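**Student:** These are the residues of each chain, in order.
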Amino acid sequence: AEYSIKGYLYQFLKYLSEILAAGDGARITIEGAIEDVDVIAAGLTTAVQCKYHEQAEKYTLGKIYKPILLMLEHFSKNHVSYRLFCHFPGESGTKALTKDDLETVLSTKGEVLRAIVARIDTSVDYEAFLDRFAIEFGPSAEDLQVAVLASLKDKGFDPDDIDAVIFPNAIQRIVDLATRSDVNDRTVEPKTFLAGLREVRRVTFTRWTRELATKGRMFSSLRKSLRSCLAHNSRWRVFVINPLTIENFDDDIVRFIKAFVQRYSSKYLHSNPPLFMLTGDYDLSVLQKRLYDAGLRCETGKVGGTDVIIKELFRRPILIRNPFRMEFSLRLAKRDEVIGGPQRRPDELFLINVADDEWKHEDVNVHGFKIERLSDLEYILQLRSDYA
Amino acid sequence: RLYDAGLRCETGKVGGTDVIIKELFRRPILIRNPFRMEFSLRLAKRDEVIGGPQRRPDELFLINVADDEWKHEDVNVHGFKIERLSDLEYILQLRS
Amino acid sequence: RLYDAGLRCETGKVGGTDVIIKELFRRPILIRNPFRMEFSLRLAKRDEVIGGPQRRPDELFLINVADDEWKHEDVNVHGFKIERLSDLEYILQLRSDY
Amino acid sequence: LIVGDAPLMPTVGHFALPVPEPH
Amino acid sequence: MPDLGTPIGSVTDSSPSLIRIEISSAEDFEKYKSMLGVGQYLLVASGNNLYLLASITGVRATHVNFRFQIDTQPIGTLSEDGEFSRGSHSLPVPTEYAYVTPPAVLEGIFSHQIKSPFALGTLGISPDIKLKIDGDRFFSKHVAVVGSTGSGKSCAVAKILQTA
Amino acid sequence: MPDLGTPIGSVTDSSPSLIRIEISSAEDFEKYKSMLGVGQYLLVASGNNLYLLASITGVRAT
Ligand SMILES: Nc1ncnc2c1ncn2[C@@H]1O[C@H](COP(=O)(O)OP(=O)(O)OP(=O)(O)O)[C@@H](O)[C@H]1O
Ligand SMILES: [Mg+2]
Numbered sequence: 003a004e005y006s007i008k009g010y011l012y013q014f015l016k017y018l019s020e021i022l023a024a025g026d027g028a029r030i031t032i033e034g035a036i037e038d039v040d041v042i043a044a045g046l047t048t049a050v051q052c053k054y055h056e057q058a059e060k061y062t063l064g065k066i067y068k069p070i071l072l073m074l075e076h077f078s079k080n081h082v083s084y085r086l087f088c089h090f091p092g093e094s095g096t097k098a099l100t101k102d103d104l105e106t107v108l109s110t111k112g113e114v115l116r117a118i119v120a121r122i123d124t125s126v127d128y129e130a131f132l133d134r135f136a137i138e139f140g141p142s143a144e145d146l147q148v149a150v151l152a153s154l155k156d157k158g159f160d161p162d163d164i165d166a167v168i169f170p171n172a173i174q175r176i177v178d179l180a181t182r183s184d185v186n187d188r189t190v191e192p193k194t195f196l197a198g199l200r201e202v203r204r205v206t207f208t209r210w211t212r213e214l215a216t217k218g219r220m221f222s223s224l225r226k227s228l229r230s231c232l233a234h235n236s237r238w239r240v241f242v243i244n245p246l247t248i249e250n251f252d253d254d255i256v257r258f259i260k261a262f263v264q265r266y267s268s269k270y271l272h273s274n275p276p277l278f279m280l281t282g283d284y285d286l287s288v289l290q291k292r293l294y295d296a297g298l299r300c301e302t303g304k305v306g307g308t309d310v311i312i313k314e315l316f317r318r319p320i321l322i323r324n325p326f327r328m329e330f331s332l333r334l335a336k337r338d339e340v341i342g343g344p345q346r347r348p349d350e351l352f353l354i355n356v357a358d359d360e361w362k363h364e365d366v367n368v369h370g371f372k373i374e375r376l377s378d379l380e381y382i383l384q385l386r387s388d389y390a
Numbered sequence: 003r004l005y006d007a008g009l010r011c012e013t014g015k016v017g018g019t020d021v022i023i024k025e026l027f028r029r030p031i032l033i034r035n036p037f038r039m040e041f042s043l044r045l046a047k048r049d050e051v052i053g054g055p056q057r058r059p060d061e062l063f064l065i066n067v068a069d070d071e072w073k074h075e076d077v078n079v080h081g082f083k084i085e086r087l088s089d090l091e092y093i094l095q096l097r098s
Numbered sequence: 075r076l077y078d079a080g081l082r083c084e085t086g087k088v089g090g091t092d093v094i095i096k097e098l099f100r101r102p103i104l105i106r107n108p109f110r111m112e113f114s115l116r117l118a119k120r121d122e123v124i125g126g127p128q129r130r131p132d133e134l135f136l137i138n139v140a141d142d143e144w145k146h147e148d149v150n151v152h153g154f155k156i157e158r159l160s161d162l163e164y165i166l167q168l169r170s171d172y
Numbered sequence: 217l218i219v220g221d222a223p224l225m226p227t228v229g230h231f232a233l234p235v236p237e238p239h
Numbered sequence: 007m008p009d010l011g012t013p014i015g016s017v018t019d020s021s022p023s024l025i026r027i028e029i030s031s032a033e034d035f036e037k038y039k040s041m042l043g044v045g046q047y048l049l050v051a052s053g054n055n056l057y058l059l060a061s062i063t064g065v066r067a068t069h070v071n072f073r074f075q076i077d078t079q080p081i082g083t084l085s086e087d088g089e090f091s092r093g094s095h096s097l098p099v100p101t102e103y104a105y106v107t108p109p110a111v112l113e114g115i116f117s118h119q120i121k122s123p124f125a126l127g128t129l130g131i132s133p134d135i136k137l138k139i140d141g142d143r144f145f146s147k148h149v150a151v152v153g154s155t156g157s158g159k160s161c162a163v164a165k166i167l168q169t170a
Numbered sequence: 711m712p713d714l715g716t717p718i719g720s721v722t723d724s725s726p727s728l729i730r731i732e733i734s735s736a737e738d739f740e741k742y743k744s745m746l747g748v749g750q751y752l753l754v755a756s757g758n759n760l761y762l763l764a765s766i767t768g769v770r771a772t
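Chains as they are written, first to last, in the numbering used here: chain F, 3 to 390; chain A, 3 to 98; chain B, 75 to 172; chain L, 217 to 239; chain H, 7 to 170; chain C, 711 to 772.
Please keep in mind that the hints were generated in silico from the structure rather than gathered at the bench.
In this text, a Cβ means the ideal position worked out from N, Cα and C, and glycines have one as well.
Since no wrong hints were added, every one of them can be taken at face value.
Under the rule of at most 20 Å between Cα atoms (straight-line distance), these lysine to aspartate or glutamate pairs were calculated in the DMTMM-like manner:
(1) A:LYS24 <-> F:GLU329
(2) F:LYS269 <-> C:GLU740
(3) F:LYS226 <-> F:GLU380
(4) F:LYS313 <-> A:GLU40
(5) F:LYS8 <-> F:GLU138
(6) F:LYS111 <-> F:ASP123
(7) A:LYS15 <-> F:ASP285
(8) F:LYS313 <-> A:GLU12
(9) F:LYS336 <-> F:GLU314
(10) F:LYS155 <-> F:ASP145
(11) F:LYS304 <-> A:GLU12
(12) A:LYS15 <-> F:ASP309
(13) F:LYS226 <-> H:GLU86
(14) F:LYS362 <-> F:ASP349
(15) A:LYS24 <-> F:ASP295
(16) F:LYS362 <-> F:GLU350
(17) F:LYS217 <-> F:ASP378
Here are some chain C residues pointing at chain F (derived, C-beta under 10 Å):
(18) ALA736
(19) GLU737
(20) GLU740
(21) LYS741
When you get a sec, could you build the whole thing from the sequences and use the hints?
**Tutor:** What follows is the structure in structure tokens.
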């Protein structure tokens, strides 16, 4: 239930700090954590587990009660090296408590504390925990991240670009290869990252990146970048989406579409309805009916409902001023069925969790994102005031 | 084939395999100048149309069918038996 | 049934059973553009209508009735005998075919 | 709007704030 | 920022100085007549996510059905978040909608962009609201008060000095 | 000298002092609204290989 997210993050930043001050021909390998459930047990069974606590002026046994204790349940349950991270003023050193300290801590006067320790099994090789466990005194998150980016500027980059597009990206690759279910090489080559991160152009909205401290300033840059694009009445915009990674998708796809068409496809000066495309094996008919229930119509480009005709899918609709009547408001299809291309190219293409597409080209703008909840994308497009 | 010929049709479906009465019977958009029209005919099968319309029809034509549920005393029913379709065009004034 | 077919009628009654001549022989509202008409026909039963109008009818068609109280020397009277309604359609030019 | 002998022709333009800001 | 409701009318003619609006229903005019007087303000749309404040300077009503005309002058711009800027560059194309300014918007504008508040009374359409002019610049310089007999000049001066 | 692209509109009246231009599409105007304000400049043709600079003094939309 704990999951110690911030500690789990601390050693990722440690790893990137290790790669930071490193010479050529140096390699480092990460080892995942047991929070992932994989019988394959890939990674040499070299998992690591950590926890993080702060606000203690000088080291004592009393201050650090619960952490070490809570580790032992894991042992009783079943190369899993337990470790602890913390920073306290005047304490800069790594230690290993010997036998008498373990026997000191074994007994606990706090009763509800031992209430669960009763869960512990008797068969414990006491000194294994001690020799395996190690305590680390390193700088707290604040200054460590401060120096992280302060030095990341040292290589030579644009001062602002690093905040919103680079620093969130690397930690993502790190923790990805950390806990990826299927196997691959942990070995990391330093110089090649510089080659990859330079060319990579994407923004990442995910569970780990939000916890990062800089988050809160990556939102607004993206919000202010798209303002010039979304202040036009007549434009041709395209969307592609992959619904595997997204959470709670079947219940949130509809509200998003309604909110978008309410503001961007609801008047006489809006003469080019948008297009939505999905990749996979999704069933559209249900979505079509659920939207009709709300009061909207769609163009699917099917005369007889076997295959697609491109010319009908890219036609212009009828409009009437007084009273307003709109033939259709949005376009829907599946990417596999659409074969060919439009007579006129997109002005803006959006790709959500898609790696590449055939319509990319020099004139088109290609925004890219990695999303886990759709509520995040609305704030980017100015359909709500506050983020999650 | 009708789409290739040039015409557009209304069938009543909203994406699925079932037919909806309110969408089947509805008024089209029109523009006087230049002339534009949304659809010119409404097509279907009898078995799928489960129900009846809001406004009864003025004329019901039947070609080789005996009786239908939409027959009423206040509705004009015209019933025929023909062997070729070219015969009906003459009746309906499309040829001489 | 006429209402279901889409037509409105003037019957000449105000709540009660009795019938009022002045409220059955009155002029309707008319709006020229767009065209609207308050009502298109009158209805009644003969026995209930006791009295007469101030302006006498021009034409009094009688279909299968011998004599009435509204016949006069200065009114045009046409009496017929029919067996089914469709014959009157021909007589009065609604449908050409007999 | 700049007008006078210096400009090629009368023109209008938009400033950009200076660095450091004067105070 | 808030929801604005239903629009009252659409634009018919535009120019960098004058904007003209037309209503065609009597019920709507009768519904909003309290807020369509001279001196009041309207919101006009100039593209997605941007608004233009204008001041009413003329109303007319003619039947031969009903026509209602309103004339305005641009003052400045207001975005979605709430920022307000003097200087109207843009021109709103015809077919655009016009809405009636809700009081909360003006309350906020006065709250955030006046350095030294000084209440000079109450707003016209809504008595609850208060009108905060800049006190620092009023007293620093001169003033003039003019009015005809029976209009309440002396009580007004009295109120000003009393709060002073 | 360099390619100028597609034009906004055509002339509909002329004189030694005044010149009047006419646009007919909403998309084009909405596309070039940033460049069609008062005090800005336009190029008009006269014969072949000769251009005329003009300054805007008024705009109207109906
Ligand atoms: N705020 C008010 N609202 C309504 N009535 C008022 C108000 N203040 C004062 N009155 C009443 O109306 C009069 C307001 O005008 P007052 O005579 O005070 O100034 P004035 O008309 O400018 O005087 P004069 O014209 O003689 O110089 C007062 O005499 C009082 O009876
Ligand atoms: Mg006085």
